[PDB]
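Listed below are the residues making up each chain.
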Amino acid sequence: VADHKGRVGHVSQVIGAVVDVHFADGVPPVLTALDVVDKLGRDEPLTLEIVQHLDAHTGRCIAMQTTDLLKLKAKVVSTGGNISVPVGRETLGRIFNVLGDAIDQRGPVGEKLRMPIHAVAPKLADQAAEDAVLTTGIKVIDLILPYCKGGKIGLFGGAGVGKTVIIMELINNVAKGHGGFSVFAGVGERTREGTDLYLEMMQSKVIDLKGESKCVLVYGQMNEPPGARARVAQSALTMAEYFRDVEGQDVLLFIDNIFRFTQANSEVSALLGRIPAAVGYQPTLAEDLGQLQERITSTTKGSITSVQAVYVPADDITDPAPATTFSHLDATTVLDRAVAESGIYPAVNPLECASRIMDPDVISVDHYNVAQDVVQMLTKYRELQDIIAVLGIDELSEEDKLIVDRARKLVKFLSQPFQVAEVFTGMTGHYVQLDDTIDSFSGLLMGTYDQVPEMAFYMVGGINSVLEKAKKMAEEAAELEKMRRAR
Amino acid sequence: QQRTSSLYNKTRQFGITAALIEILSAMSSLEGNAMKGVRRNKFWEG
Amino acid sequence: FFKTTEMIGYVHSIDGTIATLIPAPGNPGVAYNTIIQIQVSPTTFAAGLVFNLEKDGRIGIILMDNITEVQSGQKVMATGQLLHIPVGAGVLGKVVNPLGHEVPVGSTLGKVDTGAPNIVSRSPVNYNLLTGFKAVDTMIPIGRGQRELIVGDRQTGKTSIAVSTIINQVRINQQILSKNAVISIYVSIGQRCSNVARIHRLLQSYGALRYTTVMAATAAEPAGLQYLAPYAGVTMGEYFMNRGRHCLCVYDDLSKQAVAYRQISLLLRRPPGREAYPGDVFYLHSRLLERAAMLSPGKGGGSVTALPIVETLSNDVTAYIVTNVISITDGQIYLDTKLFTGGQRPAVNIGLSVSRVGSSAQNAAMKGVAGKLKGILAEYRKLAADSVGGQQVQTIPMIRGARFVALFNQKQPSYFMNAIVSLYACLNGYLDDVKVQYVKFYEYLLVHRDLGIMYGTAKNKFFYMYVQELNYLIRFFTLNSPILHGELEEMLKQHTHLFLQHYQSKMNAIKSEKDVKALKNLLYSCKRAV
Ligand SMILES: Nc1ncnc2c1ncn2[C@@H]1O[C@H](COP(=O)(O)OP(=O)(O)OP(=O)(O)O)[C@@H](O)[C@H]1O
Ligand SMILES: Nc1ncnc2c1ncn2[C@@H]1O[C@H](COP(=O)(O)OP(=O)(O)O)[C@@H](O)[C@H]1O
Ligand SMILES: [Mg+2]
Ligand SMILES: [Mg+2]
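Quick mapping for you: the protein sequence lines, in order, are chains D1, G1 and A1.
Counting from 1 along the first sequence, just add 26 to a position and that's the residue number in the deposited numbering.
Counting from 1 along the second sequence, just add 255 to a position and that's the residue number in the deposited numbering.
Per the deposited numbering, the third sequence runs over residues 45 to 150, 161 to 584.
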């Protein structure tokens, strides 16, 4: 029973997206891919993946397509192994699905090698220590929670807080000039967003159809059944792992959304005969996510800079799925709906974010000191807000009024217009250099800009943009005064 | 403060009870679907 | 490699990391909670643990390794023995698996499930275990054999405190006899392999691997492997306890072990309880933590100090697991997110922190200082609670409470002599004329410098801060003793006078654009230097 290629089986049960197959010669190994060879008048092929063994002959599987028109006793033939996905530089510029089939209607893809989507994560000895700041061009991220090259990043947030826009900005800022390759994995998200990303990448020449592309797209979206949304991430990660190991390149991995993988597993768990856990997720929520996360890492051969967007259901950051992902990241960016409602974008809550490289040994001493001072001032301002609400600003001491003013300027100075949200904002975006951000915030902390109007720090870039906006505000105010004077 | 604390205690108790009832209902549904098959034992040997 | 005895059955079903077996011909029996080997190949085996013995003859197994190689219909062999892991002085400085296998990095055997010492085999907790932090060592004493809970939110310093406590023992073990040396055991549960590697590098940097062993059950490992990590860790630590030696066990963290146990129970169809956890979660954690004790002098006098770590969501201490762990341990060290972001590090919330052992786990000198420090801090908190929205009154209790809160800020663990001397200096009012911003610089000069020697004014014969061997003299003779009290006061007075005359005077006269930045950088550096 070593080589199970071509082994015949029959469908014994069909309940939703879970199908049971009976093999007279013994169920193949778990995670094996099966093809429904029977002609059922279907418009799309049906493929199943073995997830459990009920006995020595029966095996419970999950379908990757809709199980419509599926009859009992339908003939099923094993594929001889797990689901395989094409790898190599020939996949650059193309769009794939969970099964690794091109869906961009751009002709056959020349594949020299294929790899299974299920692989063992790197061991402890295969861990590389890479502590290098990654400049994203965003004031808040660069200052409070700097990103590290080859590390794991998480964008936690609810619905509509701006997770996708931040991913688009990170792409535009890091991937266009990236030395290596990129891999975007769309998991259980809107299909129109995938089309927009594809068009933007083609316009930005990241995907050069006539020339050479430098990114791969793997899409399993909401319309897809839960089987495909639980393995599209594995397929994309397999491509990234190949680029890391065989090509030895530095690869970027964008995942949006990683929560859908957990959601798909929970949806299928009920039909697999597993008692739900708390909230209602599958009992294997922690291990299933951990196995995938441990594969997304930088080893001694290459490095993967992973950016993952995490969805927080109903803004409940204590929900088990968001809560289980914090320990698997090197830099967490927590978005808040309250900040967004106040007109501050990106709606980052600096008091809830954290970074591993926020240490004097990794980053410069000035950067660490400025970040800590900003965080302390924001915390003090949050404390003073209650007193202001009860007593009032007039009742505070002069020592506290200065802190309040500086904290308000800091809060408005953290906002930045992105180059990808021009339609949303109607203004050109800014790319702030790391040194410029540090210098601007250091000057603001010590009161070098106490006389600058507060609104001059709202939706601008470096300090020069602040001064230009202040000059424009002064000019318009003078014009208004002149108009009033004539009246 | 007293009113909110009472509401907080009441809400947490109700939430725990509801979650436990939901889990037990799912478990009972799983158990019910299970069917006892024919026993392959020497019934005569008794 | 476990030695097998005979076949017991065949693999029937596989549900992730949980498998069920069926009886072999003749219905041979397998002892409960024993190790079994699954013949996944002619030359390889996959470890498993017996968890259920059904009436019909089926056996519930928990797969521990090589799960990808397990298939239905395979042959299962039974060992008939409980889990035993290698233990001894030959394991220190190595990363080990909960099954006893060594994990490559870039003497005897011990049962993983053993009963805790009985009532007559224990002794009161009197020997202290210094964590190296002034706040913990003063307000939340920890004694050898105690079970102290490190409870807090994500990214608050839970792991840092335990790692610093482990590292703080390196400088002590090198000086005193190995009899009183503290051997650490860091247990990583459900963490990343990268974090384990970083912790290993950090321990090796300070030379703590010589006295420490790491047991890692990282993510991507089966839940069964993560379910046994604390038990294997204590088993490694219990070897030193039963031989008149002292051990320190750290669990990072019990929050994930509970999840792994819940997964194992649910996948094996056991009655779920509150938050879907089984009915044995409290028993699991209790029998884990109860194995940390302080043996009586008639059994060698060894001990195991437990430092379980627990993560709370949104500062919710009403969770099922958090409440269970709090009800078992002897006190807690609560870490507050607001304090951590406000600058206080370690962000120990003294209000919500407690040590049920009390002053019994403190040294004579530390106890004497703490007796007054606790009262001063309590009075300072009371006074501050009534001046949130008004100008404060600079009374003696507040003038010293501010300095005490300022001194508790530190990055690395502090040597006992330095910490106790600084606390004594602040307690007697030697920092009344020192601004709160310059307290860290004052402490750094006191510890790493000597103003009296610098200006040729020191008159003390032996009491100098550069004599690091005075620590044990201070421990034997309290600071409030005629042997050391006179010279201690003389040195403190001279240091305070010289500081106020030379350094703070220049600090108050800083008027420039670069000198201010230089002073700010110096103060920040001194904040994390002592
Ligand atoms: N006493 C301290 N002084 C300064 N920085 C500290 C201190 N303790 C911890 N930190 C820093 O705070 C951050 C969080 O610390 P740590 O890793 O111990 O958190 P944790 O409680 O283990 O959280 P997690 O859930 O990530 O494990 C790190 O950057 C660490 O270096
Ligand atoms: N940088 C930004 N500037 C302005 N509006 C933004 C920005 N980021 C997000 N938004 C708002 O959010 C919408 C996009 O939400 P999105 O990024 O898809 O969030 P998510 O994926 O978390 O639900 C925009 O139409 C706009 O209303
Ligand atoms: Mg989105
Ligand atoms: Mg930790």
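Hints are not guaranteed to be accurate.
What the hints assert, rightly or not - Incomplete in silico selection of chain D1 near chain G1, CB under 8 Å: (1) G299; (2) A304; (3) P386; (4) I389.
Claimed, not checked - Once the Cα atoms are required to be at most 30 Å apart in a straight line, the calculated DSBU-like pairs of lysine-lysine come out as: (5) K436 (chain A1) <-> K175 (chain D1); (6) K427 (chain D1) <-> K165 (chain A1); (7) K406 (chain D1) <-> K233 (chain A1); (8) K119 (chain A1) <-> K165 (chain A1); (9) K427 (chain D1) <-> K495 (chain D1); (10) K202 (chain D1) <-> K236 (chain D1); (11) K406 (chain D1) <-> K465 (chain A1); (12) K165 (chain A1) <-> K406 (chain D1); (13) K465 (chain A1) <-> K497 (chain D1); (14) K495 (chain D1) <-> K571 (chain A1).
Source of the hints: derived by calculation from the structure; they are not laboratory data.
Think of the CB as a built atom: it goes at the ideal place given N, C-alpha and C, for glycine as much as any other residue.
Are the Cα atoms of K427 (chain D1) and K495 (chain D1) separated by 30 Å or less?
Holds: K427 (chain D1) and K495 (chain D1) sit about 24 Å apart, inside 30 Å.
Hold the hint about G299 (chain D1) up to the distance rule: shortest CB distance to chain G1 must be less than 8 Å.
holds, 6 Å
Pairwise hint evaluation, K465 (chain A1) against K406 (chain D1), where the allowed Cα distance is 30 Å at most
Cα-Cα ~22 Å, so holds.
Would you mind confirming whether the straight-line C-alpha gap from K165 (chain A1) to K406 (chain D1) stays at or under 30 Å?
Status violated; Cα separation ~52 Å.
Does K175 (chain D1) sit within 30 Å of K436 (chain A1), going by the straight-line distance between their CA atoms?
Roughly 47 Å between the alpha carbons, so the hint for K436 (chain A1) and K175 (chain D1) is violated.
Chain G1 contact restraint for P386 (chain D1) - C-beta distance below 8 Å
At about 42 Å, which exceeds the 8 Å cut-off, the nearest Cβ of chain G1 leaves the hint on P386 (chain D1) violated.
Tell me if the straight-line CA distance from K495 (chain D1) to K571 (chain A1) falls inside 30 Å.
holds, 28 Å
Is the hinted pair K202 (chain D1) and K236 (chain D1) satisfied, with a Cα-Cα distance of at most 30 Å?
Distance of about 17 Å is within 30 Å: holds.
Restraint outcome when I389 (chain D1) is required to lie within 8 Å of chain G1 by C-beta distance
violated, 42 Å
For the pair supplied as a hint, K427 (chain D1) and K165 (chain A1), confirm whether the alpha-carbon distance does not exceed 30 Å.
Distance ~64 Å between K427 (chain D1) and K165 (chain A1) Cα, so the pair is violated.
Given the hinted pair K119 (chain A1) and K165 (chain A1), is their Cα-Cα distance within 30 Å?
Holds, because 26 Å separates the two Cα atoms, which is no more than 30 Å.
With the threshold set at 30 Å, check whether the alpha-carbon distance from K465 (chain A1) to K497 (chain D1) stays at or below it.
violated, 44 Å
Figure legend: structure checked against the earlier numbered hints; hints not met, in rising order: 3, 4, 5, 6, 7, 12, 13.
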